[PDB]
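Enquirer: Take the sequences, apply the hints, and build the full model.
What follows is each chain in one-letter form.
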Amino acid sequence: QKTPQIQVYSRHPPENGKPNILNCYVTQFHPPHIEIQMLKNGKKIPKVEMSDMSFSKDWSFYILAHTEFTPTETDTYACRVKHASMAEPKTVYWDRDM
Amino acid sequence: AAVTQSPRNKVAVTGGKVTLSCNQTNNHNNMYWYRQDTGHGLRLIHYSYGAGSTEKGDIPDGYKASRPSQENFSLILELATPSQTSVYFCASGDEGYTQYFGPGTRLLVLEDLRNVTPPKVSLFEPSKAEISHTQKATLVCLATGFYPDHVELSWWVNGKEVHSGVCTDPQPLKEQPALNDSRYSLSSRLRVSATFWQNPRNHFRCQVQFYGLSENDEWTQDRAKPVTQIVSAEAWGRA
Amino acid sequence: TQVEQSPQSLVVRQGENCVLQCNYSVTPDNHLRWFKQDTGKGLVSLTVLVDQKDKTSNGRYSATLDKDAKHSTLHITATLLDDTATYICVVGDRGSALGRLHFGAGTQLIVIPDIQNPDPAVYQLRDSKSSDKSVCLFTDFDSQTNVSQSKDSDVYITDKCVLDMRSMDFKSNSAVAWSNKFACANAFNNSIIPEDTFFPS
Amino acid sequence: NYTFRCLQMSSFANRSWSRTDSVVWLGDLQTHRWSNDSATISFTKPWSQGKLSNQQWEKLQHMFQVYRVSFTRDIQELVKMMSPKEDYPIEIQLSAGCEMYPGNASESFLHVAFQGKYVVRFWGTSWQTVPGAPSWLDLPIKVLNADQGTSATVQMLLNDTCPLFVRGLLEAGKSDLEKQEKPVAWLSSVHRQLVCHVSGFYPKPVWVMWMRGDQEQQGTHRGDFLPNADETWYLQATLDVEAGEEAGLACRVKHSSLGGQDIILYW
Ligand SMILES: *[C@@H]1O[C@H](CO[C@@H]2O[C@@H](C)[C@@H](O)[C@@H](O)[C@@H]2O)[C@@H](O[C@@H]2O[C@H](CO)[C@@H](O[C@@H]3O[C@H](CO[C@H]4O[C@H](CO)[C@@H](O)[C@H](O)[C@@H]4O)[C@@H](O)[C@H](O[C@H]4O[C@H](CO)[C@@H](O)[C@H](O)[C@@H]4O)[C@@H]3O)[C@H](O)[C@H]2NC(C)=O)[C@H](O)[C@H]1NC(C)=O
Ligand SMILES: CCCCCCCCCCCCCC[C@@H](O)[C@@H](O)[C@@H](N)CO[C@H]1O[C@H](CO)[C@H](O)[C@H](O)[C@H]1O
Ligand SMILES: CCCCCCCCCCCCCCCC(=O)O
Ligand SMILES: *[C@@H]1O[C@H](CO)[C@@H](O)[C@H](O)[C@H]1NC(C)=O
Ligand SMILES: *[C@@H]1O[C@H](CO)[C@@H](O)[C@H](O)[C@H]1NC(C)=O
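Residue numbers (the numbering used here), protein chains in the order written: chain A, 49 to 146; chain B, 8 to 246; chain C, 6 to 206; chain D, 20 to 286.
These are computed hints drawn from the structure, not numbers from a lab. For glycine and all other residues, C-beta sits at the position ideal for the given N, C-alpha and C. Any given hint could turn out to be false.
[What the hints assert, rightly or not] Derived DEER-like restraints, expressed as beta-carbon distance ranges:
id: 1; chain 1: A; residue 1: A135; chain 2: D; residue 2: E197; range: 39 to 49 Å
id: 2; chain 1: D; residue 1: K161; chain 2: C; residue 2: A74; range: 44 to 54 Å
id: 3; chain 1: C; residue 1: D87; chain 2: D; residue 2: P103; range: 23 to 33 Å
id: 4; chain 1: B; residue 1: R230; chain 2: D; residue 2: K161; range: 54 to 64 Å
id: 5; chain 1: C; residue 1: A74; chain 2: A; residue 2: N68; range: 54 to 64 Å
id: 6; chain 1: C; residue 1: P12; chain 2: B; residue 2: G59; range: 41 to 51 Å
Expert: So, in structure tokens, the structure goes:
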């Protein structure tokens with residue numbers, strides 16, 4: 049069993065009001081059964097795109113969730129991940145820089 | 008690469024425990040139990056990949072299986088039923104694709120054993136008219152009054168079973184074609200050269216192996232217990 | 006039912022050839038085996054075909070397999086009496102022990118024997134331990150003759166049956182009739198027997 | 020000098036339930052996918068069929084379709100053969116394909132992993148375990164090697180069909196493989212840790228440094244390559260600094276898309 053590492057980052061440079069895409073990259077986990085949700089202000093974002101699952105040279109899995117988003121002053125975004133390896137869901141929040 | 012089964016033939020009552028066994032000295036890891044029913048092909052009941060493993064096959068309902076060792080794989084009918092009347096084949100194999108088949112085991116499951124009866128055997132001696140007209144002598148043997156129909160009729164000459172010159176009826180015929188559990192009769196012929204029959208040192212013998220009750224089957228009737236037995240008739244040659 | 010055989014049964018005179026069919030839907034198809042089951046006995050292997058377009062022989066038995074068509078035939082050249090049997094088709098879906106075998110129902114061959122020199126007769130045989138009881142034996146008739154069931158129920162007549170004295174290369178049909186209630190001249194009244202039958206005595 | 024990869028992932032939860040999902044890469048670009056739900060392999064590029072005819076692809080796809088069903092049952096049967104030694108949940112992973120070298124040259128691989136641990140490979144004319152593998156696999160190996168039909172096919176796939184096919188792809192997908200997309204960069208911060216973000220660049224090789232004048236700040240910590248959805252890449256370089264020491268600092272970025280004119284962002 050292996051823990052997932054999560055990384056939240058935007059496609060284009062973050063400007064308030066301007067449309068964009070928010071990527072969430074989940075890696076180095078085993079087994080491959082995983083639940084991923086991208087959050088806005090706590091609430092689950094409805095139309096989230098998921099890449100096909102794959103794995104690296106060390107047989108550990110990875111996957112890329114992404115979704116359109118428009119960053120603001122007020123709104124915070126996040127990526128929540130449930131896995132058999134972890135006791136409760138892990139949430140990393142978007143840094144506002146990435 | 009040989010395989011053996013036991014019993015080769017079995018009569019059982021509904022509700023009885025019946026156990027079919029299969030021995031293999033091949034050191035084959037894998038063993039298989041099938042049943043053949045006129046109409047279908049062989050269908051897999053259970054199988055085993057080594058001592059201690061047993062797997063459900065295609066039609067496993069009603070059969071428990073047992074692999075105590077590498078050599079023996081058993082099929083257990085805990086509560087026998089009429090639907091389990093069949094011919095049961097056993098087979099073994101190594102890591103490759105071949106399965107080496109056993110000789111088969113016939114099982115008849117009856118509703119009740121009340122009508123079970125062994126045969127009377129008669130041996131009828133060659134006609135002098137036949138001896139002179141053809142230079143050949145036809146012995147004829149006659150198993151009668153037996154139920155159920157599980158019998159093996161064999162011919163023996165000076166203690167050694169003869170196959171050449173034999174014919175046995177394909178199926179036994181009913182004494183009482185009307186009745187539900189009628190008794191049967193079965194004929195067989197052995198034809199030899201007239202000089203072989205005229206030689207008075209040739210001992211001819213017709214033997215009927217009757218399969219019936221085990222020594223652990225209950226018997227509430229007055230008559231002799233109709234057990235799995237041999238009945239035979241015998242004749243010497245004469246010039 | 007992923008393995009079908011044709012014909013279901015067939016009757017042929019000794020000496021004739023015959024082709025047995027086997028078509029299957031099994032996937033994948035590693036190999037195809039033809040078995041031979043004598044009445045009563047178990048499974049004797051004849052051949053195993055393993056290639057996309059394969060052919061084999063085993064004396065008088067020869068066979069083919071086309072895996073694109075998913076079809077196999079078994080030819081028997083110059084049938085003999087011993088060929089009277091059921092012929093089973095079996096497809097294995099792996100080339101290892103991991104696979105399952107899918108069995109066909111079987112084609113039932115029956116071979117009529119070739120009686121060269123008939124000499125039809127009805128003899129009377131006597132019991133060894135008890136002279137009073139006896140049987141009437143109808144023997145030496147060619148395979149054109151059909152032995153008919155008994156007119157009476159208290160009289161018993163068996164069906165015909167062929168023996169083979171292998172050391173003399175001699176075959177003969179025979180049938181037995183008997184009754185407690187009866188004589189051998191009147192025993193086979195109900196069968197259309199040869200008009201030149203030899204009732205002795 | 021490209022590498023072709025067929026990654027297969029198979030989960031067996033219990034004796035009845037299972038699933039097998041594949042994906043196919045050529046370098047860092049996805050060329051195929053094959054979900055458990057799909058009965059047929061899906062292209063993820065226009066050029067994914069390569070230089071194969073439609074009828075060649077059909078006979079190849081049908082081989083895989085049949086393999087996938089056969090693969091599942093065989094694993095399930097190998098669990099029965101080994102039990103109680105092993106039982107579910109079981110996670111088998113394959114990695115197969117070939118690497119392409121200039122001229123005629125190529126090597127083929129087929130590596131199998133059990134519960135995330137490389138244990139078996141196809142090599143020469145047979146399956147064999149690797150160093151580290153537990154010794155119980157010896158029986159599974161013995162059984163798989165009995166299947167002389169499977170060996171001949173896998174040999175043909177590794178030796179011929181794969182290296183041939185990949186040459187088809189390389190010619191057929193030149194413009195996508197040799198594509199040049201430009202990075203976009205931006206600055207930010209969180210002692211203080213400045214961060215230089217770069218994104219949208221292809222291919223993967225890129226140079227990213229913090230600078231004061233012509234002097235490379237050797238404190239620069241380079242991050243990992245993270246993928247964007249549009250088949251480009253992302254990468255950030257961070258540098259620790261004293262508060263109020265951000266003046267004079269610039270992020271310089273070189274990439275083959277830019278052609279001489281490098282991106283420089285000043286603070
Ligand atoms: C496909 O390519 C195979 C090799 O390619 C590698 O494996 C594939 C799957 C990919 O991973 C690819 O990227 C790799 O490059 C090729 O395998 C070769 O097959 C031949 C025979 O078919 C093998 O020859 C036999 O070798 C044994 C002994 O070999 C040992 O020692 C050598 C050291 O030199 C080691 O490298 C091996 O691993 C072995 O441990 C011989 O004893 C044997 O000789 C006997 O039989 C021949 C007749 O066939 C007689 O001439 C002799 O007198 C003997 O009676 C064989 O010669 C060869 O080992 C094997 N190579 C490797 C590297 O394993 C395969 O044939 C190709 N298949 C097709 C269909 O094209
Ligand atoms: C718990 C045990 C861990 C097991 C690890 C083993 C890893 C090996 C996994 C790859 C094995 C290959 C799987 C498929 C193979 O076994 C066959 O089932 C498949 N190739 C079908 O083969 C049959 O059909 C073929 C025609 O395409 C041939 O006729 C072949 O002979 C036949 O077996
Ligand atoms: C070129 C597109 C292929 C897509 C599907 C590939 C996923 C499986 C990769 C592993 C191949 C294993 C080879 C075994 C073949 C066989 O035994 O028939
Ligand atoms: C097998 O596992 C699946 C998913 O983990 C579950 O939904 C299913 O109920 C299980 N089946 C059995 C027969 O236990
Ligand atoms: C995967 O596909 C097979 C048939 O292709 C199906 O029987 C099985 O239930 C599928 N499993 C899941 C979890 O979807």
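Enquirer: Tell me if the beta carbons of B/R230 and D/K161 are separated by a distance inside 54 to 64 Å.
Expert: holds (59 Å)
Enquirer: Does the Cβ distance between D/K161 and C/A74 fall inside 44 to 54 Å?
Expert: violated (34 Å)
Enquirer: Just to be sure I understand the hint, the distance between the Cβ atoms of C/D87 and D/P103 should be within 23 to 33 Å; is that true here?
Expert: violated (49 Å)
Enquirer: Take a look at whether the Cβ-Cβ distance between C/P12 and B/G59 falls inside 41 to 51 Å.
Expert: For C/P12 and B/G59 the Cβ distance comes to about 45 Å; the hint holds.
Enquirer: Take the C-beta atom of C/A74 and the C-beta atom of A/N68, compute their distance, and say whether it sits inside 54 to 64 Å.
Expert: holds (59 Å)
Enquirer: Lying within 39 to 49 Å: is that true of the beta-carbon distance A/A135 to D/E197?
Expert: holds (47 Å)
Violated hints, listed in ascending order, are 2 and 3; each of the other numbered hints is respected by the structure.
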